[PDB]
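Shown below, as C-alpha cells, is a lone chain in the form deposited without the ligand; questions about how it binds or moves come after it.
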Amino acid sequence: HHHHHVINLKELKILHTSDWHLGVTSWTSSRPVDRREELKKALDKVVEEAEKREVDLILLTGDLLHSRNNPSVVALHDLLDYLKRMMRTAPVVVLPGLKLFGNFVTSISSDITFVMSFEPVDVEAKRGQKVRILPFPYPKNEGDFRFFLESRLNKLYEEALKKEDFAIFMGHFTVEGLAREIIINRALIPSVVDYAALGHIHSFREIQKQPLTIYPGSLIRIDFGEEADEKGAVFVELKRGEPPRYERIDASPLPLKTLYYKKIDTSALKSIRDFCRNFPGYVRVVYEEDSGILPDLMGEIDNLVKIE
C-alpha cells in the first residue's frame, strides 16, 4: 500500500496529535497510578479515527514520552508501536519534544519524517500532495535570545513563501499570553502557512484562525490541574480555494475531580464517599486542617489518589 498520485488534487486531510506522555505514572507520592492502559485506549481511538477519515498526513508534536531523558523500554516500545500503526494509515511527520535513530529512520522510509532542526523539509502525503514543513523545535543568551528566535521565524516565513502546495508550521513552545520555557508571540508564527501545529501544552487551544493555529492537548488528564480540559486530537482539512476547517477528535479519557474541605469532618467523609462511589475516574481531596486521625479512606475508596 504505497501513496496515490491524483492530478490537480487541491486538498489535504491532517490528523494532528500531541503530548502523549507515554510512560507516565501519576501521583507517585500519594498513590501511584500507571496511566498506560487508559492512554493506549485513547491512542487507539485516535488511530482508528485517522483510519476512518482516510487522512493524508499525521503530525505529531510535543512530548510523546513522559520521561525527559530516560524513557522505559515499555514506553519506547509503545511509541514505536503507535508510530508504525500510524504510518500504515498515512505519512507521519514528527517534531520532537535520539537524533541518530530519527535521522536514520527518515532516510530509509517514505512514511516517517523526524524534523530535528529548524530546516524546512518537503514531504509527500498519502495522495501525492507536496507539503512543506516549517519546523520550530526547542533550541545561552538573554534578549539576543529573542532576536535569535525571531530571526529563525523570519527565515521560516521566507521558506514558506517557496511552497509548492501546502505549507505547515510545527512548533514546540508556549504561545505568549496563554490564559526554561520558550515563549513566542502568535503574531510571529508565519502568516503564510496553511496550518500551524503546536505542541507542549496539555490543553486543547485554538490559538488563532489565520493561520489556523492549534495545540491539540494531551490525551489523558495528567494531573488535577487538567480536570476541566478538552483532551483529544484534531482533524484539519485544507483546500486551496478555501479556509481551513477542523474537528476535535475527543479521546474520552477518565475524568478527574478535586473535592475541597476545611476539615475532614463527619459531613466531609460522607460527601467524599458518596461522590467517589460511582465516579468513573480519579479523585483528589484537598483539606486545610487535621482534626483527628483520618480514616483509611484510600483503602476504603480505590479511586482516591491524593488527600495530600
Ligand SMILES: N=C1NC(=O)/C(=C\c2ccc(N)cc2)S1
Second form
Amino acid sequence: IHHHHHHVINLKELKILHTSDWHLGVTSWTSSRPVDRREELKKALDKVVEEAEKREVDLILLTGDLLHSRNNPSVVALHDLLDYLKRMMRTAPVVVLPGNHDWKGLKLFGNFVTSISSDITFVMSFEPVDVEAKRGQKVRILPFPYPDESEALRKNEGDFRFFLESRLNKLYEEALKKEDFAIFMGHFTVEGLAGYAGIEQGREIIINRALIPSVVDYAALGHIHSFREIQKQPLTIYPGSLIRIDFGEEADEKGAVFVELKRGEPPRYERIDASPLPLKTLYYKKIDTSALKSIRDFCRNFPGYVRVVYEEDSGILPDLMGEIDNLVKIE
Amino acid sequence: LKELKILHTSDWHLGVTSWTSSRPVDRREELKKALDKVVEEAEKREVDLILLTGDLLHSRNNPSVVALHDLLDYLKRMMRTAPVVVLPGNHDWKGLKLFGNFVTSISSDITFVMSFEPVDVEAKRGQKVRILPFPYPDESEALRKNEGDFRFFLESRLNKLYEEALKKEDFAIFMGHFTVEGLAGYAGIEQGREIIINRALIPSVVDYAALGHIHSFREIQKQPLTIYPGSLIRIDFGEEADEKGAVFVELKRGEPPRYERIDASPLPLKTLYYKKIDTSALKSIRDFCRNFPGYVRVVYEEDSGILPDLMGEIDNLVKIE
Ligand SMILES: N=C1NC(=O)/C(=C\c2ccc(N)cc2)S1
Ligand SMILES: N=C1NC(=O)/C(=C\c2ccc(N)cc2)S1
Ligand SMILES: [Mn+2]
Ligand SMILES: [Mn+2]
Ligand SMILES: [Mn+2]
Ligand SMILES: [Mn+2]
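The structure above corresponds to the form deposited without the ligand; please give the structure of the form deposited with the ligand bound next.
Every chain and every other molecule in the complex is listed next, the one we just looked at coming first.
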C-alpha cells in the first residue's frame, strides 16, 4: 500500500507521542564501576516505538537531550540516534527540538534533512514552523530552543530575562495565527521545580510556567529527567528520561507520554512507562558485620543497580564489587 | 525506458583557498557561479540522473561549516532537478557514512554509495540503473605494505562488480574514485600514493564509467565510455590550459553513447615567464595584470636582486616562482 500521509476531511483530532532526554551513548558511574546503559536504553526505546505504532499516533515530538555527549558523541550513539529517528518516521512524522547543542554540525544536518523530508522537521530557532501530521492535520509548532551565542553574552540578567519574555510573546502572537492545532516545544527549566530538578550544571534557562503561551493545545518540554505535569492549561509536560541515569532518579517514574487532542474537548494524556531497571541506595553508618549481611541480602535478587552510602571507614572493606556484580558505587 | 540523460560533475573542492603560502584567495564566489551555471544547464537539458564523483569537499578531514553548508545547498539544488547519486571520495570523518546512509534511506531523490556494494536506483523517468561503485577503500594502508595482495584485493572487487554488472535491468553505470594507470600530467593528487587502476580492468559491460579525483577532463576510453569530467574551477596553474565544466551524457539503448561538454567558464589563469625581472619586466607585468580578469603567476630564472612588493601592489598576482 501507500506510505504517505492520509487526508481526512474535517478531522479535529490529534494523537501525539512525546518523549525526551534519551541520553544515547551514556556510561554511568565511570569513577566507581562503568556501566554501559546502551542495552537497557535500547529496550526502553523499543517499547516506546512499539506503543507509538500500536496507538497509531499522528505526530511524534522529540525534545531534550537525545544524546548524552554535548560535543563529542560516539559513532555508536549517533548510529543509534539516526536508527531510532528512522524507526519513528515510519510510524508518524517527527518533530525534533534539539537541546544544548555545541557542535555546529547538527544545525546543517537538521536543516538539510528537514528540507528533503516530509516526515521529519528540526526546529532549531525561535521561528514557528507549520507541519503536517499523519492524517493530514495542520500543526503549528512554537519552538523555544536553548539560546545560542546570546547566552554566552547574556549579561546582564535583566535584559536577558526581557529577551526571553519577548521571544515568548512573539511565540504567543504567532500561535494565534494557528490553522488547527498549535504545539509549544521548549528546552529549559521551569521556575520553581522541586526534585531532580537538581543537575545541571551547566548554564540553565529558567522560565516561569505562566509565560508559556496559554493559547497552545499542548506544551511539550524537555531537559529534566523526571516526569512532571507542570500544568493543565495549557497542558505542559516533561516526559522525563527513559532510564534512571543516576541515583537521584531512584524514585522517578521513567517513560514517554501519549497525548490526545480534540478541538472541542479538553486534552487527555496517558503515561507510557518504559519500565527501566530500578536503582537503590543503601545507607549505613559503618560497614560492619550487620551491614554486610544487609547489603549482600538485598543485592542478591535485586534486578537493578545498587549504591552503598556510608560515613566512616572501620577496617579493610571486603571485595564487595567482586562478589556483587549488582553493586556499582560505594562512594 | 530506453533512453537516459545524465549530468556528470565532479571534484568541486568546496571550501578551497588557493595559494595559501603566497596570497590566499577564497575561491568560493567563483566556484558558486560555476556551480550555478552547471545547475542551470541541467535544468535546461532536463536530465534524468545526476552523478557526483570526486572530491566535492576540498578539506579531507576538517571541512568548514561554510563549505558543508554550500555542499548541502547544492546537493539540494541538484535534487530538485533530478535524482542524485553520490560516490564520496577519500572520506576521513566517520560521521559521513552514517549521514549518507540516513539521507539515502529517508529520500528517494538521493543515494550515497559508501561501499563496493552495488545499488539499484531509479532515474527521473523510471529508468532502472545499476550502480557499480568503486570508492577509495578504507584501511587501504593496512594491506598497502604488501603491494602484492593489495592489487589482488582491488582486482577481486572489480571482478565482483563485473559479475554483478551482468545481472542488470535497463542501464548499468560504473562509478570510481581512483587514478587510471598511465595518466601523465595532473597527476596532482596526492601525491603521495593513490590507488592506481588499469583502465582495461574497468567492467567493459557497463554503459558508462563515471570517474572522479582528476582535476582535468579526460575521455579515458570509448567502450565502455569512461570520463573524468574534471573540476569546475582552475584550482592551480597546472590547470591553466584546461577548459572547466561538467559532462552531459545521453544514453540510448541500442545506439552508441554520446556526450557533450558543459563549459562552466570559471576565471582564467595566466603564467608569465621572464628570464629576469628588470624595469621592463615590471611594466609589462603590471600592465597585463591590470587588464587581466583572472589570476596571474610569474616565474623567472635569474636572481633579479630586489624587486618591488608586487604581491603587495598587484592584487591580481598570486604567486611568484
Ligand atoms: N537531536 C538532538 N538534540 C539534542 O539535544 C542532542 C544532544 C545533546 C547532547 C548533549 C547535551 N548536553 C545536550 C543535547 S541531539
Ligand atoms: N559528498 C562528498 N563526497 C566527497 O567525496 C566529499 C568530500 C571529500 C573530501 C576530501 C577528500 N579527500 C575526499 C572527499 S563530500
Ligand atoms: Mn538539557
Ligand atoms: Mn537532560
Ligand atoms: Mn580524492
Ligand atoms: Mn581532486
